[PDB]
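Q: Each chain, written out:
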Amino acid sequence: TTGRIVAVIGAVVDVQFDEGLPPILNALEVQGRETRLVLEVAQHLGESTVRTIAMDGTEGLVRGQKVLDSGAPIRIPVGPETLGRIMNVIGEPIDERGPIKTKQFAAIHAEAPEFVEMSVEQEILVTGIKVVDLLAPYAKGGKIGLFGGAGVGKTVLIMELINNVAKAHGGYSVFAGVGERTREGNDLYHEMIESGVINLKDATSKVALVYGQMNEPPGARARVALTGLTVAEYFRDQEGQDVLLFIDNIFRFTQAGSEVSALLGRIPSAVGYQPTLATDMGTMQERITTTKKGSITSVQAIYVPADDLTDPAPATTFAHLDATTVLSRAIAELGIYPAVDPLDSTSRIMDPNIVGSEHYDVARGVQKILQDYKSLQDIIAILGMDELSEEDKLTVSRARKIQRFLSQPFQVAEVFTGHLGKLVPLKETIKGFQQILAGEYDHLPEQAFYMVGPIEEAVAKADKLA
Amino acid sequence: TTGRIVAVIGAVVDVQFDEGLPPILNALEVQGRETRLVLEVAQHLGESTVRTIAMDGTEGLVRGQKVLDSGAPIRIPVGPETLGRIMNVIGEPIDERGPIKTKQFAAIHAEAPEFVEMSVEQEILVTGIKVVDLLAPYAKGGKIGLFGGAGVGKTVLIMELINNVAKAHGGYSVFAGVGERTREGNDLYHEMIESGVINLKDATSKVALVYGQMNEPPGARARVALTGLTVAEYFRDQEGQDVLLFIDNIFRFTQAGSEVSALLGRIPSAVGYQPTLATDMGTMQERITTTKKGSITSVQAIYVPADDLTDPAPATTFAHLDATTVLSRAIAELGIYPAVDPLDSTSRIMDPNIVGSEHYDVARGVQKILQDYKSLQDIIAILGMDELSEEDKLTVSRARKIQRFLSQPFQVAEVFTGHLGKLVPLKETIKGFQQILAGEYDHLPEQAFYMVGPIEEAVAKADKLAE
Amino acid sequence: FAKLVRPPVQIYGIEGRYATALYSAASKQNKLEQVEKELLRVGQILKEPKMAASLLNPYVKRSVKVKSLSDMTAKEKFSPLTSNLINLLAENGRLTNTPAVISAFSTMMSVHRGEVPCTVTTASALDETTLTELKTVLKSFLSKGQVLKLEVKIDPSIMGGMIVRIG
Amino acid sequence: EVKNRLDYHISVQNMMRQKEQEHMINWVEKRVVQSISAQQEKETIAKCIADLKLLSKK
Amino acid sequence: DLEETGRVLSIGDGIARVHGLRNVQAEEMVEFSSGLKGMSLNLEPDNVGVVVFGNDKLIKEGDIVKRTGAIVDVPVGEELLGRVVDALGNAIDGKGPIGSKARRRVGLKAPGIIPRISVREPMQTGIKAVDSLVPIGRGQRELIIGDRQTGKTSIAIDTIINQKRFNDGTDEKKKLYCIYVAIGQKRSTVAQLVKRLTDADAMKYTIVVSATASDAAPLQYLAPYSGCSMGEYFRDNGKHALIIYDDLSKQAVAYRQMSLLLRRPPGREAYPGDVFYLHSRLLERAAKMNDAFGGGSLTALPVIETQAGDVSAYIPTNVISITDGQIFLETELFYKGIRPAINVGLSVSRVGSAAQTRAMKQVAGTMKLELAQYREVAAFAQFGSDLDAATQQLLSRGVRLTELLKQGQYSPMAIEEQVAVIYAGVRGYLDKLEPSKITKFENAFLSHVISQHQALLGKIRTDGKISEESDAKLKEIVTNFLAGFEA
Amino acid sequence: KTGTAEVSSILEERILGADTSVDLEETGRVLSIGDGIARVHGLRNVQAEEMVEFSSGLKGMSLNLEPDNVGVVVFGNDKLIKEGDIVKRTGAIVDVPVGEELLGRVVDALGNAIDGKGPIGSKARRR
Amino acid sequence: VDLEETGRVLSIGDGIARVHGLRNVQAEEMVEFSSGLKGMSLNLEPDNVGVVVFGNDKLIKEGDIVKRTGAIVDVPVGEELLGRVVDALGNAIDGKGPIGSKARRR
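Going line by line, the protein sequences match chains F, D, S, T, C, A and B. For what it's worth, PDB author numbering labels the leading residue of the first sequence as 9, then goes sequentially. For what it's worth, PDB author numbering labels the leading residue of the second sequence as 9, then goes sequentially. For what it's worth, PDB author numbering labels the leading residue of the third sequence as 1, then goes sequentially. For what it's worth, PDB author numbering labels the leading residue of the fourth sequence as 117, then goes sequentially. For what it's worth, PDB author numbering labels the leading residue of the fifth sequence as 24, then goes sequentially. For what it's worth, PDB author numbering labels the leading residue of the sixth sequence as 2, then goes sequentially. For what it's worth, PDB author numbering labels the leading residue of the seventh sequence as 23, then goes sequentially.
The set of hints was computed from the structure by calculation and includes no laboratory data. Check the hints yourself; a few may be wrong.
Stated by the list, open to error - With a straight-line Cα cutoff of 30 Å, these simulated DSS-like cross-link-like pairs (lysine-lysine) come out:
1. T:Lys174 to S:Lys135
2. C:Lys80 to S:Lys153
3. C:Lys391 to D:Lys430
4. C:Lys384 to D:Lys430
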């Protein structure tokens, strides 16, 4: 079927398909649009005319310019060969090594897993990173939201995570560059290239990069969310995967939703927000989960919008957040890479009755200790150490050991660290803390807890010294 | 005439009567409607169509359905037999004692009494509640507004007035539970039976109950007010009567209005509030009066959503008011029941004459000190306290005593209080403050004044506490 | 004002804004059909581009919307008050829509009534008739008569998919 | 421990039978859905019962 | 057989202007082609504004919308006590099909005063704090207001669990059919929850109506009314229904959005206000019925999830003004590890007493009060203040009492235990003990008395009212136990 | 675009030859009425800001001269009106009774001694 | 007539010419007005074209003929604009006559 430009007002193209009534979300390809000018059917206005949203820019728009309905949503390559390919949203490379070369294609909406599909009570994904595991132990399938230090090697940390896990457990990754600067995607690009977690000669390119950047029309960016999902579902179900799904920064996606909302003639809402904000999300989130198919585990860069949250979206997001990451400058400032703050590396599912107090209390003891120590840190800040009880002194040192024990070298940043990285097996980590907690090593170099992997290696590191 | 449902877009039932278009305020009876479905004509929309309001549900309607215009508003029995009867908006029982049989019938609108028809000057009524009288020295037959948030003891409070006072005034009353939270209306009801304030033995059951609940369409909720008014007007004019008119809550009327405005194809103006907020209300409030034939003393619950008063609605409200009972969430939260914002809770009839100067001055002194204190709150809030004039320190405490003294336990809500609440004959009150002012108590702990009745007793209460 | 009429069909506003005039006007004095037919003519009195140069270009002033006439009523033979509907389309510039008004109109004759009831298949078999689960059924044998099964049928559909749909 | 062995086999046969049932069903239905023009008279019985609607509704 | 159908006049936005079928009933639930339902809300002449339950990516223009010819009903029946359904009343549990082949109008009015009756019923939650301090009967609208798995959700769960004993009991007259209408809680969330319920198999006496996070908004919207209808049935089959409306806040969004999509504007807080009507009417159906309704009750525990504690927000204000009290929960306490995280200064049951036993009164009167004061001296006194012995005591004790109402998540209880342990504390049997060990004590104590003094407990349950002898027996039991607790 | 007046009552006669608009030039008939907003058809030549007089005996003021109708602010209520009342111009914009026999009076807005003395003179009248 | 490539100003009084005709006109196209003004046919409506007028009007009046340039706006590029004050056309306002930039670029 063909459609006609009946109206173009910016990237809202109302196309009268002059003979078609393809449902909404049916992807249209505009004919005479060399560059894949996808219009997504948006409303059936009547009159065989649909409001479509151009998802590619508008130009040269002949009145009645011809459009051929692609009749279903965008079908996109889905297949492992994407790992090592940067596509735009449309699933066209932007890695430009000709096309990406799956055969298994998918229309870019996927649907929620349902009750019957569930795997009813979730599971921690473990990274082997002390901070992660301890403080916000991840859930496989879980959507974790990254508030976090900019350019601190946030991404790097993420690479490291990918490294630790997606390698470890055979998870793969999808990166949805939402609202990314070309620059930032670049940054990543080389970071991955460099890291060799994208390998343009190896399938150790473990990440398909899908980009839905600012510079696109809204629709694309908006939809990049569905798209990214669609890939991971491919990996999930098909490749059985526990996927790590980076959608970064989903916020801008959201923005895009709202942007269009207006321009979908719709009322968005107060604070600009599309009133459907939640459903959009809900529906999106509900695709993302854990099932009898694996998990799509979501590592989501999440901007603190307007550094406020009052603004409904994050507020909603909180539901959609389940384990929470604020990556923290303080920690960073302490030179500690890991730079995470524990009191933020939390999980709404991190609750003792709801996960466990082994984390929660060993942590509470720890978090206590550090904070308590923080309470002392102000005291000490005035007084020095002297005055305290020795137990406090001990605890300070311990807190500090523990702290130091969180400093963990990077494999993916020998360039920064001058070290290999490390990983820490959770039991051993914890055990570690039991030791320090037990005070066991508090007669040892505290700074031997600095930058190590196993707590044993902190211990080891102490020894060579004394 | 017959009209056809041409559009029912919600309970705005757009009717086209082809069989003329007789005036607005025509009540239409929808034919084929299980519920006798009153529509009030609102607009002759033009071309044989009227916009009407369903006040009832909109069920089963087939667009076309015949409505036979009843051609005039809802006519309802009015007069004394309604007393002790629980009526619905459509002036029909829910007493569940069947029809009411007081054969003056009425359109629920009535229009404001002429200038001459007003009782020109009203004179203080009283209640005996210190706080109340003090700040709002009651006016005979006034419209008293309860600004107030979410029935927190608000509702209890209104009741409390009813209990002490509505009892105290012997003559008939009208209670309009508008939007009323039926459960409490049950309770109240049952209580009236219980108390024998309603008796199914007499209409000397001093209260006729009208309820126009919140499971109802707006159309009902908007209009029940008019209804209640019409009735009380019966008692006022016809029966003399200081009808005590309980409206809980006018807000829901209003609310009902605002909500429809949109649907009325109108603009639901600022805050969503209808353009006509004033006129509907105003005209309505103006229907309420103490005419030269009596009083409708109206204690009108005013929900103030999120208690904003700046909020146009209350802003308007003030215009009609006579005594404002402003409930203060700020106060309330301190556990205080009474909840009032005192220096907002007022009665215009503050007078060295009317309230006599004794009250007046005492009050003015009080008002002042509290106001002053008020100044201090801000100060201490930010400046801690402690270096102030010690007179202030004293007052601060005193104010709290005064406050506390203004606090009264609940006399009905021992269930809430675990106390009985009291009443303070006005002079003991004036005196009361004079006494505290006199510092007579003020070399004491502050504690005792809380939840008290008469000031002497607060002293008594002091003693027990002075231990 | 009026004491209007809308004989079978009734097309609301929807240019029925107009229609309703003639739905009492044609209707009254019962020039329904007479005029229906006025309209038929008009149809092609339309169909040239030139009649309605205001239609072509509104950029012709209401001069031409009073010379409309001479695209239509000046130009006309028949024009009892089908000239008047001009005078409305004229100010109320709606000439390009007018067919739909005409369409709407025809209801007169029995065709001022009718409807194809349909479950499946060809069911493009029209009805003008005025009595049903009567005429319909009879018709349903006229139609059964001959053959008749097209469009694309019961086969996919209700009937065919349906069992699938239970799955 | 005894249950754990058994219910796995049951569950597998159940899910397996549904993944046969669906797969045979779509394949049979997607093969044989053709003879409607060969036997018209599924629409003649539509018109038969449909005449006993067009008469026998009212 | 266009003689039961119409064509979608326009569709966009899941907003179906529907052509034809002017035969339409007001409030008719219609069915669109796709198995998707809609409701013909708005009868415009030339269309039917039909709310789409579901989505229109699953539709195209001109689509046939066929009458269902039905005013909204929900399937109703008791086998749903033992089912999780979607709003349409279809097994999203997927167990089998609904046993419910009764249907019931969802839009049934909240009955009158006379068609109702007040509460005298009590209802229990096993949550000490609750049953005591906002002692709740049945009918009652009580707002649960609270935040991100503060057990916010948990709270309902333990309560339900608690009813298990009752559903294992004979308190049929109190048999609480629980309806947890889950609004906005994702499939996963639900999955956990449901699962927990399964495990508890409270589900046998339970409907879980689930309109997850994903949902088409009208579904979400509808779902409570649905739940409501189903519960009204029970109520009306004499029973005592407990509906947990979870949460209308989200519903409100959904609706709002719906309104806005209906182009219908809103008021205050951008919120169109007849969501109040909505809910009010919904919640008005929460009531305690007279005898005619078999004394029924539908106790409503609506949930609104606070965010920001801006009760100030219209919607909370609304709800408060509707409810018969609220349980405000305080998160801070939660971080402190405190579940129940309540601020019962901010929780009230203005009712309270209809639900109470002298047993409870006998300890609670004092306690509630003690806590009030305690709280007061928590609030003014010592934290870096004074050291008056009285108040210091109140604090010690108080502090004790605090723990004592502090209840683990997944910990509903029998009332008698509760009165018992509470009694212990009330009567100051633990000032002489440091707070943590109370907890230990209690468990131990509890199991002890369960074991031996099940007699005594039994009795205490039986009379519903602690008795002086018992007091002594108890006292002894405790004192000694306590004595054991130490030594 | 639409035109209120495509009320084929209007159209419906203009066809048939109608005259004096369809509601007069100096009178109009209320096309739709509600809410003290009388959209009044006709009234073609009619001053801006004219005070008009209704056949509900009410006065109104022609605030809005729309090309088709007059938005007439009603100095009264519309339950007292039924659509199509003849509104006759007063020929005139509002002036108000004015005077100095107002001194000692309570008058309403329309300058009518509502005092209960009732009306009085109006020595002046005034724009 | 030319609709495709010309229009009559349907309404104007805003610098936005709703243009009757203009019926083949491309997105983003620079057009030229009967006022000597330029505009760009931004809004392609099914019926008329909202043309943002690249300047200021009264120079126009209704029905004015707007002709396609059939070109999307370009500006000269080069670097002889260096030392030049231009208007947004990339054309002088320096009043030094024209620049040396005789490449153009969309």
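Q: Taking only the CA atoms, is the gap from C:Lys80 to S:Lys153 under or equal to 30 Å?
A: holds (24 Å)
Q: For the pair supplied as a hint, C:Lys384 and D:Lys430, is the alpha-carbon distance within the 30 Å limit?
A: Answer holds: C:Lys384 to D:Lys430 is near 24 Å, not above 30 Å.
Q: Given the hint that T:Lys174 pairs with S:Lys135, test it: the Cα-Cα distance must not exceed 30 Å.
A: Measuring from Cα to Cα gives roughly 13 Å; hence the hint holds.
Q: Next pair to validate is C:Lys391 with D:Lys430; report whether the Cα-Cα distance is within 30 Å.
A: holds (23 Å)
In this structure, every one of the numbered hints holds.
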